[PDB]
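S.K.: Start from the sequences, fold in the hints, and give me the full structure.
Take a look at the letters that make up each chain.
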Amino acid sequence: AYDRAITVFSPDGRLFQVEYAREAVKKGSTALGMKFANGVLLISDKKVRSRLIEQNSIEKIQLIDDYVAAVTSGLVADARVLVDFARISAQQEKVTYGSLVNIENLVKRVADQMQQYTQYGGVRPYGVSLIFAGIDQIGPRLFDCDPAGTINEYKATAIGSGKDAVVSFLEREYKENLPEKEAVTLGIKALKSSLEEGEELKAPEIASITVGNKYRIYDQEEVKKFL
Amino acid sequence: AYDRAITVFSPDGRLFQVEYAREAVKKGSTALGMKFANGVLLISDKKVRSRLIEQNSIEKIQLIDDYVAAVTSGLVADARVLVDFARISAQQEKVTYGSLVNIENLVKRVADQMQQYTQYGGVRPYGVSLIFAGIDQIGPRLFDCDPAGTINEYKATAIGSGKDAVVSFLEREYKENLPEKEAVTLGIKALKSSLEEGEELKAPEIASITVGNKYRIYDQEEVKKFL
Amino acid sequence: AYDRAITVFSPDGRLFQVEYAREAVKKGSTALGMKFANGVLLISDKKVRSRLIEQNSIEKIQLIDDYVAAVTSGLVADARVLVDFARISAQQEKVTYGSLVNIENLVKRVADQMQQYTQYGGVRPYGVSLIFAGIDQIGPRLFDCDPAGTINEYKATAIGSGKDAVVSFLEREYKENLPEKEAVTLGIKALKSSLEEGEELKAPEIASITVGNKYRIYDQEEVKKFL
Amino acid sequence: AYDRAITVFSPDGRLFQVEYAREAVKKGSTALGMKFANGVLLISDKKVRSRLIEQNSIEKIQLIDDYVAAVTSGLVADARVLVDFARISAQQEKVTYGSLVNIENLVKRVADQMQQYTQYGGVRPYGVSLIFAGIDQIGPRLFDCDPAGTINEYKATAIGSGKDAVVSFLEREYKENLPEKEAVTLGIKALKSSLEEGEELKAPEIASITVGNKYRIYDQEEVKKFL
Amino acid sequence: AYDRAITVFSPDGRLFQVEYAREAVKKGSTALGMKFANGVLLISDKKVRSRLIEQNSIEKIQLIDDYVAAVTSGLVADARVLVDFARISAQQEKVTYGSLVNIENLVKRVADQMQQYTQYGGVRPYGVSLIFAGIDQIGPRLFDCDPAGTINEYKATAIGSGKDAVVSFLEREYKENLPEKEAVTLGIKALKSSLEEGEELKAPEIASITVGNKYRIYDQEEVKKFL
Amino acid sequence: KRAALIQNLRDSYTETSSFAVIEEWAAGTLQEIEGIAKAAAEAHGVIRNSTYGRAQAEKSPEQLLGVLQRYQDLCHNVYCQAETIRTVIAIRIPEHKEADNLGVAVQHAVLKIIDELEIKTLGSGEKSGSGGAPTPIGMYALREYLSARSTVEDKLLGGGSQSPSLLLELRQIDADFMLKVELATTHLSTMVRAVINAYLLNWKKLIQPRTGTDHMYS
Amino acid sequence: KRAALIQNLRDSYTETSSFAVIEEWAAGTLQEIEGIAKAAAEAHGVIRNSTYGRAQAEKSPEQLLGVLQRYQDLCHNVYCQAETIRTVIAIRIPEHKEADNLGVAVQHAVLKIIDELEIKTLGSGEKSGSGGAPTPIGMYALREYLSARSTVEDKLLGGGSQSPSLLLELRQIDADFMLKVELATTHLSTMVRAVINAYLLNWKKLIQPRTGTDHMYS
Amino acid sequence: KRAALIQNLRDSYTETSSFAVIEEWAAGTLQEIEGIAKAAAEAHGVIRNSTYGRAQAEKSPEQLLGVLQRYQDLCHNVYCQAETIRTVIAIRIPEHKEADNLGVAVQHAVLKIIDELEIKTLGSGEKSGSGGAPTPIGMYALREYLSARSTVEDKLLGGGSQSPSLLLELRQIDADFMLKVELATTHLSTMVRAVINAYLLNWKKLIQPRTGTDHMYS
Amino acid sequence: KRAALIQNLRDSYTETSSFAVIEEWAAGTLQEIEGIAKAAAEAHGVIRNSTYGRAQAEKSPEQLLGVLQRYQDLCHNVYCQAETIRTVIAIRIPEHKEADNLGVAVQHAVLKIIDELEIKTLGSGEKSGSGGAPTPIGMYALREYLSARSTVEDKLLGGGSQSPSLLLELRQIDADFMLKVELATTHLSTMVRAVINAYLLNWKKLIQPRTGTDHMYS
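Chains as they are written, first to last, in the authors' numbering: chain E, 7 to 233; chain D, 7 to 233; chain C, 7 to 233; chain B, 7 to 233; chain F, 7 to 233; chain T, 4 to 161, 172 to 231; chain U, 4 to 161, 172 to 231; chain S, 4 to 161, 172 to 231; chain O, 4 to 161, 172 to 231.
There could be a bad hint or two in this list.
[What the hints assert, rightly or not] Under the rule of at most 20 angstroms between Cα atoms (straight-line distance), these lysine to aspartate or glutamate pairs were calculated in the EDC-like manner:
#1 S/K218 x B/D170
#2 C/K32 x T/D227
#3 T/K158 x S/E147
#4 F/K220 x F/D72
#5 O/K115 x U/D118
#6 O/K4 x F/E203
#7 E/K32 x D/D18
#8 T/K158 x S/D157
#9 T/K130 x U/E129
#10 U/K130 x O/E147
#11 C/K195 x C/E182
#12 D/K32 x T/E98
#13 U/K115 x T/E98
#14 S/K4 x S/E98
#15 F/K198 x F/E186
#16 F/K187 x F/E227
#17 F/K114 x F/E99
#18 C/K32 x S/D227
#19 U/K4 x E/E203
#20 B/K195 x B/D170
#21 E/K32 x U/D227
#22 C/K52 x C/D225
#23 D/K32 x T/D227
#24 E/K198 x E/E186
#25 E/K208 x U/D227
#26 O/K158 x U/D157
#27 D/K33 x D/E202
#28 E/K52 x E/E228
#29 D/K114 x D/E99
#30 O/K130 x U/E129
Just so you know, the hints here were simulated from the structure itself, not pulled from any lab data.
M.R.: Structure below.
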């Protein structure tokens, strides 16, 4: 039983409970982000799941402010709490300094909140991964962040069940500085490459932002033009 | 024993104690809600259970305010505590801003309270699901909310033992923008479709609200006209 | 071991420790209440148990105020603590508003105290059930309340070892709006129906209240006239 | 293991750890109290146990104030702590109201302190029973109080190893309103009836109080006149 | 099970959970530091791991201030949290005294934070080792610091998977007071000596500081001239 | 229809079937066991007082065969009756679950002693386990006796064996098999009385091993 | 294709296959077992009332052979039928995991009693374990009877044995083997009824031992 | 009436029945065991001093048969008496429950050593388990002796065997069987004394294994 | 070089080797088993309708030998094939560690049922354990049959035995051995189908029982 308590190391220096939290992330639907020419975008598959649901409501891309967005994968309730933390944390920084100079610090604050929950007994980790994408004073940024509180910056990355399909595809096909429309197409292709063949990709979420602008969420009909 | 503590992930990234709380919800009697033309309604079956009970008292639909109602299913005492939280939370918002612009946020606050009880050891989850229905500045709304703190917005949904019967029936027969009386009929049909045949549906609870009005609770004799 | 901790759900969504608390209630002696014409009454069997005890002292019916009374069954010390809570809670309401408009809310506050002790580790539940009866602005009221924090309003009900005998007898013989003396007789009959035959009912406690009056406790000699 | 934690109910609704605390009480030497004509008394056997002990010191009857006394049986250190609590609690009431109208409430406060330690994990129960006897505005009073926080008022009762012998003897021989000297004789008889024959009763402790007076402790020579 | 709790000594006076934290450090890529003529340097291997990562971002050498830097090995999230602590701790000292006279004390504060997490139950140790190097009023300094809170000052040392290869190589080849370029070469050699042959060292991180100057981070092209 | 199948099974083997058996065991059966015990003891006395010659190897004593057949007939009935009680319990073992098994534990507890009665006490099995056969004599007592005796009858009859001890052994086979019935009957009585008690104290849970009050849920 | 292979297996041995067996067991099979019990008891009466001479060692009683062949035929069918239920469960034992095994536990639970039915009750194995053979008589009853009888036949026929008890043993072989069929059939009935109950209460988990609602994940 | 059935059982096997046995064991029985030990040791001396010839294969020594029959008679009584104590305990094993079993544990504990006395020490069973038979000689001692001896008698009598060691073995059978009774009686004494102690220290819980004070409930 | 040695082992017994075996088992093997079953059942009918005289002790029925040789040849192939799968798993059991053994547990789980198939179902061992031999007939079925039959052939041929039951037993040997092949084949089918399912659901972990993402370490 090196397996049952967030505070117990295995004899090889592993935290299995943290690693199990990471398996929760794998049960979420795939999402991805990539940097392109003067911008960054997010695409999220949506496991669409009944006509009785309201579609235009519950959805995985969430604005953190006008210049920063996140997608999540894993336990939904956990994700919601972490997105709210991200939002409040962003506004605290804005009130203190008047602006958000480096998105990396917002992500670190969320990652630190997550790391805490891997070190003190009495809590479980969040079963969530996030991708964060936006423009700041350094430029267009793309980070991910996992249940361990591990951060990385990427040119392109994914989270969810289809992570590995989407990542190897992008390892092969990805180029820097694509125009937006080519970046979106590449993204749709990568996402498709992760599905069981004889399985159609339904309308995903797409959001983009380019330097000197606010985020825009593509509406369904704009998205279909890529399907 | 990946099974015994709210704070333990299974090796597949599951929280079985939360999934067990969800089984508590299945022991409750079925309730449902659906959006219709400029409105939303709730119907609840009541496991009527002795002539010595006071009927006009203890009952599953509860007003949160004049424009928002809830039905619950699962552990009754848990349900009571959550409805009270909903009510207080609603008034807090009203005092802060003067009104309740988006019912989604009330639901999120209740869902967050529930998610907390799935992350800190020393507590168990609430064994309750709720449906929330009302009118706000977006329009008529219908949410559910489960022991995990998971939220979804629907056109129609159900909770309780007969959930799956009622949901697949609505998946087949449901149409948007029905007039109120047709909506209610469709609802009564759906509810009936979940009973063991040779088992009669006794008088259920029905509440409705239409844009620009307050909630109205149907009284027994108005309900019988649909039986 | 889904069995050993108040905070563990069984895989079927049960809280066995709460259910065991409920078995504590079954070891108490039977008590009952019923609504009658413009009033409500309580009758409690007293397991009389030695001539060395002081009878006119320790006894199961307790006034909460002049208009509200309770009987308990189960662990005596637990019952005492809950009756005190009920009394203080009643006075808190009276100080805040000047009166106690709806007895249901007093009962809810007691039931909420009890539900708490079924959700946080570090405590056990109260092994007590209570019947509350009194007059308020709605009319004559009769509630019970169990270790889970579950509430119900009744026309007639019982608690303790003889619960089921007394309840089925009342399910057969009970009628609404009896005069007081007939109500008391019916109650004594019901109580007797729960004894092992060749076992005589000794003098029970009886208390009644009718609209526009305070509670009265029957003294022994008034009670004997019904034996 | 329904047996190991104060907060666990057995499947029959028992708290075995509380019941075990009650076995601690049985290892104490017998004491008893009885009401008599306008008064109440206490007699305590003292397991006298070496000539090197100071007798006129450590002893089981303890004055709570001038009008109220207690004997204890069980764990000595626990008993000491509870007697101090009783004393402080008595003085708190005196400071608040100017006097101690009903001894029952002092006893309840001590019994409540004890009930607490049967409901919150992290403590064990007190392994003590107490008899309290005194005069108040109701009259002469006699209560006992056990590890569970259970209270009863008696005409006569006992605690300790010889409880059952002393109680059945009193059930046979006891009469109300005896003069003091006859009461004491009856008590000494009862206590003797609990000894292993061929075992002599050494000098016990005796204290009495009659209406309108303070307690008096019999000195050894007054006691011997009854041996 | 002398193995499962940070607060349990084995019968030989070992804290295995601390020793397991230490195994986490071995999974990190190798880094090293050495003192040279009027200076100190750090070299870190970077397990480069996909062209989709942003290289110029996430990297193991971190400035603590302008005159002090650290490399870490082990759990990344833990490392981040410890580097932030190091930074804040540094500024607290600067605000109290106006400067940082002895780098040893900064290290001790970090080491003490780490030791705490090896003595109080309810937390796990940090799975991180750090090397600290900088100039202070004593001169050029080089410390390491492990999960146990153990500190040592070195002329040269390493942390990570290749520790032992790099340390024995330096035990053979190291000389004091080399010029900077020879020091860097020796370092690159030592690092290479720890790789599986038929495995090429990609561009590492290098930072150096010499008395009376601030730290400088070598850029990729300056580093390649040594490869 | 699945509920109907379960219901037919349970309708045909009710708590009255098992109670019927227990009533019989408390009355008739323990009396018969007693009589067999006394028959056996009486036969043991006759044999103890006998001197055996070659004449005894030429006829199988009918007194002993009668006692043995009578015991086998009782054991036969007790086995068939035991199996009624088992059927009544086994067909009410509820849906398998990792909890709510307080009643199920009572069911397996009582089934276990009824198995011990049939396998172990009655010696009903074809081959006994590594537990051995703790009962002094099994169901197939007649067969055991006739095999033991015929081997010794052969050696004595043939020129017959001249072994003085072999002759005394023939007698000891007769003696011991009546002893074994006295002992076996006492043993069986204890066990039958134990099951009477176990059943009558536990029957409610044997029939309804679960009752789940959803007062708590709405 | 791997899913296709699993699917073929499961398509060919569906829940209807196992239900078909259970319906038969509830109706036909228990009746057949009952008849065999009555056949056997009747034969036992005939033999109990017989006096055996050397004549009886010269012919194998066809009444007994018939009863034994009839039991062996039933046991044969019950075994083949049992194996249908086992195949239905065994091919739906899911991916091995350290958790989410509440349904798996139901599967192993029911497979265990079907194994006990085949190995232990039906005595189907070539050699029984250190548990012994708790059934009074196995599948290979005819074989057991003929071996037991032919050994005694030989000794009696040859100059034949003069053992009086050996003659009575021949008779006891005939008697006991019919007794063993009465006992074995009651025992088999309890077991078959037990499996009817176990199956009908548990079948949903036997077929779908896991269902995992990812309402919680997005 | 169910309570009446339990009450009849318990009225007919009361704590006096079990105490009666224990009083006898403490007085008479241990004395009789002693005497048997001394009878056996004396017979062992007689045999140790004898030289055996073919004459000894022609008669079974009546001194040894007497000692063995005397031991078998004691074992017989101790078994019947042990079963009284078992019945007294077994019929007061209370309702099965997962708690309140401190007294129940006392009951099973004492039943266990009485089972060890009957099965293991007295060797009362038909076949001993994989535990082996730790007692030097069982209930069926006379039978064991006569079989061992008659085999050797046959070989010696027939042309008889010319084995010098076979002749000495006949003597060693006589010697060893008297040794085995000395050893078995000491062993039985320890066990009987152990049960006297275990019973007298535990009898209150044996009879009333539960008492539940509902002072705490009202 | 040590990695090279491990690599050669694993290169020569890859997941395709084990998949090849499972494909065959799903197709060809289960069909062959089915045919053997039908051959055996047909032979059993022929024998059931026969009256045996001394003529039958003078020739070994070639129909039966064929069926048995055909079963032994299948069992032989299944065993060799089973050992391929074992080799594929056993050579990928990773470095021993007290943790990270979720995949290892899958490996031991599947190896366990393949062992059960070889030892227990196929009866491949020289001597079976205290578990007994739960399969109706083993690999060495021909040998078992011939030994059983020849012993009875001898007694019948010699003056031959005059046992009527011995003659019927010769017939019952022929009958039962064909029955045992029907039963054995159904049993073998269940087990083969069980392993098909177990392998196809678990193969990924059988080959790669660990994958350790050091995203968390730098």
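S.K.: If a hint holds in the structure, say so; if it does not, say that too.
M.R.: Results of checking the hints against the structure:
| no. | hint | result |
| --- | --- | --- |
| 1 | S/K218 x B/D170 | holds (18 angstroms) |
| 2 | C/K32 x T/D227 | holds (16 angstroms) |
| 3 | T/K158 x S/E147 | holds (17 angstroms) |
| 4 | F/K220 x F/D72 | holds (6 angstroms) |
| 5 | O/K115 x U/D118 | holds (17 angstroms) |
| 6 | O/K4 x F/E203 | holds (14 angstroms) |
| 7 | E/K32 x D/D18 | holds (9 angstroms) |
| 8 | T/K158 x S/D157 | holds (10 angstroms) |
| 9 | T/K130 x U/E129 | holds (14 angstroms) |
| 10 | U/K130 x O/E147 | holds (13 angstroms) |
| 11 | C/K195 x C/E182 | holds (16 angstroms) |
| 12 | D/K32 x T/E98 | holds (18 angstroms) |
| 13 | U/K115 x T/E98 | holds (15 angstroms) |
| 14 | S/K4 x S/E98 | holds (17 angstroms) |
| 15 | F/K198 x F/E186 | holds (18 angstroms) |
| 16 | F/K187 x F/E227 | holds (15 angstroms) |
| 17 | F/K114 x F/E99 | holds (13 angstroms) |
| 18 | C/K32 x S/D227 | holds (11 angstroms) |
| 19 | U/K4 x E/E203 | holds (14 angstroms) |
| 20 | B/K195 x B/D170 | holds (14 angstroms) |
| 21 | E/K32 x U/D227 | holds (11 angstroms) |
| 22 | C/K52 x C/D225 | holds (14 angstroms) |
| 23 | D/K32 x T/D227 | holds (11 angstroms) |
| 24 | E/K198 x E/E186 | holds (18 angstroms) |
| 25 | E/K208 x U/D227 | holds (19 angstroms) |
| 26 | O/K158 x U/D157 | holds (10 angstroms) |
| 27 | D/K33 x D/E202 | holds (15 angstroms) |
| 28 | E/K52 x E/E228 | holds (16 angstroms) |
| 29 | D/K114 x D/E99 | holds (13 angstroms) |
| 30 | O/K130 x U/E129 | holds (12 angstroms) |
Of the numbered hints given earlier, the model fails none.
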